[PDB]
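**Q** Here's the letter readout for the chains.
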Amino acid sequence: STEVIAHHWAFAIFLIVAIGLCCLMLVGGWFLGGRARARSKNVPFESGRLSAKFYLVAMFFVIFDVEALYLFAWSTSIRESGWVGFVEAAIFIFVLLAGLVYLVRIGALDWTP
Amino acid sequence: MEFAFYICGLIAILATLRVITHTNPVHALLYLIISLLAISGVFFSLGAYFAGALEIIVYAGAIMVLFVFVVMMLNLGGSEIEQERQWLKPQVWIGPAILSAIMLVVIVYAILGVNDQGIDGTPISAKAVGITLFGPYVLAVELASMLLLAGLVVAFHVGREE
Amino acid sequence: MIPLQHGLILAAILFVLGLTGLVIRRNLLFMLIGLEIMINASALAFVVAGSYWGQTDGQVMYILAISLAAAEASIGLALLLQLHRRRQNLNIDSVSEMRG
Amino acid sequence: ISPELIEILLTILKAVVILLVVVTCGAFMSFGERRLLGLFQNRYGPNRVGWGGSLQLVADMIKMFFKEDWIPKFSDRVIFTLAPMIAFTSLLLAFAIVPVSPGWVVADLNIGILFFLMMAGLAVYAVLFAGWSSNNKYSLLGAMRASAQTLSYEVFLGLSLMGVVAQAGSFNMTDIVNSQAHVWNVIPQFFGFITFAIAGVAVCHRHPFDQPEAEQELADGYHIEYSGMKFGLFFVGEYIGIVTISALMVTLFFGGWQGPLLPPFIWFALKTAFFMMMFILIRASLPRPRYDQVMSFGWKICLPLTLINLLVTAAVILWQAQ
Amino acid sequence: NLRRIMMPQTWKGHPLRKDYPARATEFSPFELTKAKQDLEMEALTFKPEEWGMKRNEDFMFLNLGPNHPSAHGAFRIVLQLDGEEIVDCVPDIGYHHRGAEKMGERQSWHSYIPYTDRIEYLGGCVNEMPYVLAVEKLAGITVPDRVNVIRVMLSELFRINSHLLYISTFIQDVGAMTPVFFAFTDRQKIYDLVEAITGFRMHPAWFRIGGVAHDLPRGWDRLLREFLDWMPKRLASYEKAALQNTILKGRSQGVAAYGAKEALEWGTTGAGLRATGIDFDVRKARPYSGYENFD
Amino acid sequence: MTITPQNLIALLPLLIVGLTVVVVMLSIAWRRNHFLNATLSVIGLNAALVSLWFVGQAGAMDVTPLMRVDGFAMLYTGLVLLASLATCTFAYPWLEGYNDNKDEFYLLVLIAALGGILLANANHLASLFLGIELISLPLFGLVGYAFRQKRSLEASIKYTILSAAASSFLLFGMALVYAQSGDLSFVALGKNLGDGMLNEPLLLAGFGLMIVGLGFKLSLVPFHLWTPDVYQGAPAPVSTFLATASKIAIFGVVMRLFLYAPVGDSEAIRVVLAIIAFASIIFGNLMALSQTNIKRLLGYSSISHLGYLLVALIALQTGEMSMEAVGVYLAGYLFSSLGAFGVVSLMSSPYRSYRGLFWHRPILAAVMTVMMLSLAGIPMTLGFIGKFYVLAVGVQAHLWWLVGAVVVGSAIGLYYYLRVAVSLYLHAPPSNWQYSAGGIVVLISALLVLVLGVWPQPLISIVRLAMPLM
Ligand SMILES: CCCCCCCCCCCCCCCCCC(=O)OC[C@H](COP(=O)(O)OCCN)OC(=O)CCCCCCCCCCCCCCCCC
Ligand SMILES: CCCCCCCCCCCCCCCCCCCC
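Chains as they are written, first to last, in the deposited numbering: chain A, 6 to 53, 63 to 127; chain J, 1 to 162; chain K, 1 to 100; chain H, 4 to 325; chain C, 154 to 208, 212 to 451; chain N, 1 to 352, 361 to 437, 445 to 485.
Hints are computed from structural coordinates only; laboratory data are not their basis. Possibly wrong hints are sitting among the right ones.
With a straight-line Cα cutoff of 30 Å, these simulated DSSO-like cross-link-like pairs (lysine-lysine) come out [what the hints assert, rightly or not]: (1) C/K389 to C/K405; (2) C/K396 to H/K303; (3) C/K189 to A/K46.
Let the hints inform the model, and build the full structure from the sequences given.
**A** So this is what it looks like as C-alpha cells:
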C-alpha cells in the first residue's frame, strides 16, 4: 500500500537525517576553532586488578534478560494462551524467583565485604 | 526487501571476516556488533520480526556487553597477542582456511540441489511466536529455563574472586 | 521472493568463518568469539528455514539457540576469567599439560 | 505530480519536522534544566543572554562549536569519536517510534517498545565505549560502575513494560494509546509506573544515578577526557533521552494524546512537560544513594516487583475475560 | 617513618630553626623551568615502599587529589583497594602550608591578628579569640564584661556560619544540592550582620588586644533580631527536607564509626569526641571570657 | 497439543527432578548443609525411580509434538537415574575433603540427570537438542568443579570448547534437515520423499552434521580424542557420571532417531556409520594398550564399547533383537562402569596406586578385578552376554567386517584388562557410613554383574518387556 511504504520511507529518512545531523555536528565541532600545544596537554587527567563482581552482575543480567525475553514473548499472547499458559508462566516465574532467592541468600548479589 | 537482505548479508560477511582477522579485542567486538546488527537486518528483511528484534535485544545487547565487560576485566593491551601475530602467518592459517573452504564447497553443493520457490517475506508477528511458545513447546520453555539456571549456577561457582 | 538457498549459503559462510575463528586463533577469547559466530550462524540458518516454510518453529529454535549462546558464553567466559586469574596468560597452547 | 508521491513527501516532511522539534527541545531542555533549577532553588538562572535568557543556548552552541576538539594521542581514535554518536542516536531513535498525534507518527512499527529496549542496549554500549576508549583507569572504573548500574536496571525495564504490554495485548504504540481511551494506564499498572520510572531514570544517566556527578572527588568520571562538541553531544543526548523517556511514559501510562477538550497535541505536550518538570524535581530533591544500595534496590526489590506485577496483571486479565 | 610531612622530601633545612630565612624574598624568586617542573612532578609521584604501603598482585592503587573540588582545602589520599574495599591508606598533607608559626615569629603582637584570622578560614573571630586571650594573659590585661559579651556574640555568629556551611557541604556530598543554596543565603544574612558590626565578611580581623577595634554601630540589635527570627524555621526545613531523608541516613549512618577509646587515643575533639558520650567542651569545663554567664 | 492428567503422570520423572532441583536449591539457600543436600539428592532420585514404576503402571503415550513415553523411555530413565544416584553416593566421600562449597555438586547432578531423562524421552529435534545441552552444561560444571586443580581446569576448558563446537555442528545440521524436510517431528524426516529419491543431498548433509555432533557426544572416531583428557582431568565421580549417564542417554536418543526416521535405513548413512563403528572399535582398543593410568584407559575402553554399541545399532532395520541387545549391553555397561570408576573413586577419596591393592583393601581389589573381567567379555559376567548379543546381531545381518572388528578389539581389550587385573594382586611398598554406602553400591554392582553373568534370563526378559512404539 501507499501508506506503509510512506511510513517506511519516513523511517529511513529519520534514520539518515539523524545520522547525518550527528555526524555533521561532530564535523563542525572538529573543523572550527584554533588549536593549541602544551607538554601536559597529552598526559591524562590523573590530577598530577579490580574485582569480578562486575562480571557477576553482567552475567546475572544476561541470564535474567534471556528469561525476561521469554516473558516478553509470553506477554503479547496472554489472552489467547488461556489459563494453561498462565500456569506454565507461573512455574517459570516460580523457578526465576527461586533462583533469585538463592542468589540473594548466598551473597552473590551482596556487593559489600 | 531484496536490497536490505543482500546489503545486510554483504556487510555481515565483511564484518565477521574483519572480526576473525583482527588483533584488537574491542575493535573485533565492535565489528561483530555491526555484524549482529546486519543479521538482524537480514531477519527483518525475511519477515522474522521477533527474531531480529531479539538479536538486537540480547544477542547484540546482553551477551557481548558481557564480552566487553570481560575485556574491561582483563585490560588486554596486546600482551601475548600482537607481539607475534602468529595467526597471520600463512603456514598457520592456510591449512584450516582450505579445510573450511572445501567444507563450504560441500555445504553449498548440498544446499544448491534442493527445492526453492522463494520466501514471500510475510511478517510473522510476536503474538504467534508467543502462542506457539506456550502452546506445543512448553517443555522447551521450562527446560530451557532450567538450562539457563544451570549456566547461572555454574558461572557463579566458577567465576568467584575469593 | 528471496530464495531460501541464499540465506542458507550466507549462514554457511558465517559458520565456516566461525570454524576458522576457533581453529587458527590462540587467544581463547577469540575462540569463544568464533564459537559465537557458529552459534549465530546456526540461529540464522534456522530462522531462514522457518521463514521459508512460514512457521514459528524456526523462531522458537532460534530462541533456544540464543539461550544456549548466553549459557555457554557465560560458561566459557567464567573459565577464561579463572584461567587468567590463576595462570596470568590466555595462550591455550600453554594449557596442554595433559597428554597421552 | 501524483497524490501518492505527495503523501510520501508530506510524511517525510512530518518526520523531519518531528525530528527537528525533538532536537531543538532537547537543547531547550538544557536551557530549561538551568532555568528550572534556578526557579526551584529560589533564584532566576540565566536571564541576561537575550530576553529571559532565551538566547543562552545559542551561546553554548557557539562556544562548543568553536572550542578546540581534541582526541588524546594515547586514546583510541575511532571508539572515542563513536561513543557520543551512539549516546545521541540511540535515545533519538528511541523517540522515533512515539506517536505524538493521530496522523503524526514516524514509524507505526509492530514492535515499537522493543526497538526502544534495543536502543537502551545501544546506550549501554555508548557508555561502555566512552569509558574504555579514554585510556584512563579512573574513567575505566567509573564507567564500569555506571554500566553495571544501567545493566542492573535495564534487566527489569522491559519487565516493567510488560504489564502495559499485557493490558494492551500487542506491541504497537497505537494499540497502547487506544487501550487507554477509557481508563489511563497509570492506575492499573501503578507498580509498572514506579518501576518503569526508576528504570528510565537510571538508564538515562540522570540524578540520582548519574555517575560523573556521583563521585566528582575521585576524578573517575568517564566524561573527564571528553571535551569540545563531544561533551555537548553527550549532554544533548542525555536531555534528548529525558524527552524520549517522558514521551514514552506519556504514550504508555498516561493515555498519550487522548484528552477531553484540548487538541491532542496540546495534551501530549502538557503531559510530557509535566514529566520533564518531574525530572527537575527528582534531580533537585532526591539525594544520591550508595552504589551497593543501588545494586540491592535494582535486583532484590524492583525485579520481583515487576514479576509479581506481570503475574497479577495476567491473572486479572484472564479473570476478567470470561 | 620519619619523613617530611609538610614539605617535599627534596627540601633543604628546617624552617622553624631560628637561623632559617623566613621570607621568600630572601630566597630566589620561584623559577619553574622545564627541568624544575619535571623533578617537581617526579617528587609528587607516589611509590608504595617509601610511605609504608608495603604492597598479592591484586591491590588497586588509587590517587585522590591533590586538587580537591570542595570547600575544605586541597590534599591527597593514596588508597589501597582490595576490590572495592579500602585496606590501607595514609593521608598526604602539606599542600596548604602557609608557614604561620614562623610568620608569627616575624610579625608583632598587634599585627599578627590578621594572620590568626586565616588559620581556619571558617572561624574568623573564633580563631582570633585564643590568640588575643593568650596575649592578654601575657600582658596581664583583664577585659571588661562588655568586651567579653561582644566577643562571645561574634564567636557564636561565626560558629553558626561554619556549622551552616558544614551541613550544606555534607548534604551536597550526599547528593542534595538545594540546601547549599539556602544555607548560603543564611550565610549572607550572617555576613550582613558581621559586615555591619566589623566591616568584612569572612575575615574580620576585628578583635584587639584588651578589647575590640571599634564600638558597636547603632542598630545591630535590629539585624540580630532579623537573623534570629529568620533562622529556626529554615533549620527545621533543612532537617525535614534533607536530614530526615532515609537515603541520606543510609549513606551516613554506621559509616566510619569509632568509640570513645579510638577518639581519645587519636586526639579527636569537637563533635567527633562528643558523639562518643564524652561531655568535654571547653566552654563548660574551663570557662573563659564570661561563657558562664550564658545558659 | 494440550497436556492431560494422563500426560501429567507421563511427565512424572521430569517433574519430580525439577521439583527436587527447586527443593535442593532452596535448602542450599536456607543453610549450607552438605549432608542434608546430599540426602535430598538421593531421596529425589529414589522418588523418581519409584515414579518410573508409576509410569509403567500408567502406560505409553505420545505426549507433545515433542515428547513420547514408552518402555524404552522408562528403561533408559532408570539407567540414568541409577547412574546419577551412584554418582552422588561416590561424590559425597570425595567432597568430604573439599574446602570450597560442596552443595552445588548435587544440584548439577540433578540438572544433568533431568537432561538425561529429557534425552531418554525425546521424540523431537527440539527435545533432542535441549536434552543434549541440559546434559552438557552441568557436565562442564562438574568437570571443572575443582578449578584450583590444574587437570580439572584444563579438562573443563577442553570439554567446554569442544562440546560448544559440536553443539553448533548438531544445530546446523538440525537447521539443514528442517530446511529440507519442513517438519521437526521424528517420523517426518524423509517422509516427503519416495520412489528411490530418499537420498536427498541436503537431507543427507544435515543428517551427517547431526551424526558429527552425536559422534562427538558418544566418543566416536574421529571425535574421540577428548575422552581421555576429560576423563582424567575430571574428579572420579564426574568421570563415572560422564562415562555412564551421558553415553546411555545420548545413545538411547540416537537409537530412537535412527529407529523412527524413514531415512534411518539409508544406504550411505549405513556405510558411514559402519566405517565409524569399525574405526572407533579398532582405534579405541589400540590406544589403551600402553596406558599406565586407569582413567584414560577407561576412556579408550568407553570409545571401544561405544563402537560395539553402534555396531549393534547398524542392524536395527534388518534385525529385530537389536534393541534387546542394546538394552542388555547397556545394563552390563552401566554396572561395569560404576564398578570400575567406583573403585577408582573410593581409592581417590577424600579430596586432598592400583598395584598392590589386595594387601590393604582386599574386597576393593576383588570387586575391581571381577569388574575388570566384566569389561572384557569374560563369561560369568554380563559383559560377555553383551558381546554375545552384539555378535549375534552382527551375524544375523551379514556384518562380517564389524564382527571381525569386535573380535580383534575384544582380544586387545583382554590384553589390557587382564594386565590391570594381574597388576592388582602384586606386592607394593574411612570410618564413616557414607564410605561404606559407596562400598555397598560397588559391591551390589559386582554381585549384579556376577549373577547376571551366571543367569542372564531375568535381564533379557526385562529388556524384552521394554518395547518402543512401533
Ligand atoms: C518518566 C518517568 C520518570 C518521571 C519522574 C518521576 C519518577 C522519578 C523516579 C526516581 C527514582 C529514584 C530511585 C532511587 C532508589 C534508591 C534506593 C536505595 O538504594 O535506597 C537505599 C536506602 C537505604 O537502604 P538500606 O539498605 O536500608 O541502607 C542501610 C544502610 N544504613 O533505602 C531507602 O531509602 C528506601 C526507599 C528507597 C526508594 C523507594 C522508592 C522511591 C521512588 C522514587 C520517588 C518517587 C516520588 C514520586 C514521583 C512522582 C510521581 C508522580
Ligand atoms: C516534547 C514534545 C516533543 C514533540 C515532538 C513532535 C512535535 C509535533 C508537532 C505536531 C503539531 C500538529 C499536531 C497535529 C494537529 C493537532 C494539534 C493542532 C494545534 C497545534
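**Q** Flag every earlier hint the structure violates by its number, smallest first.
**A** none
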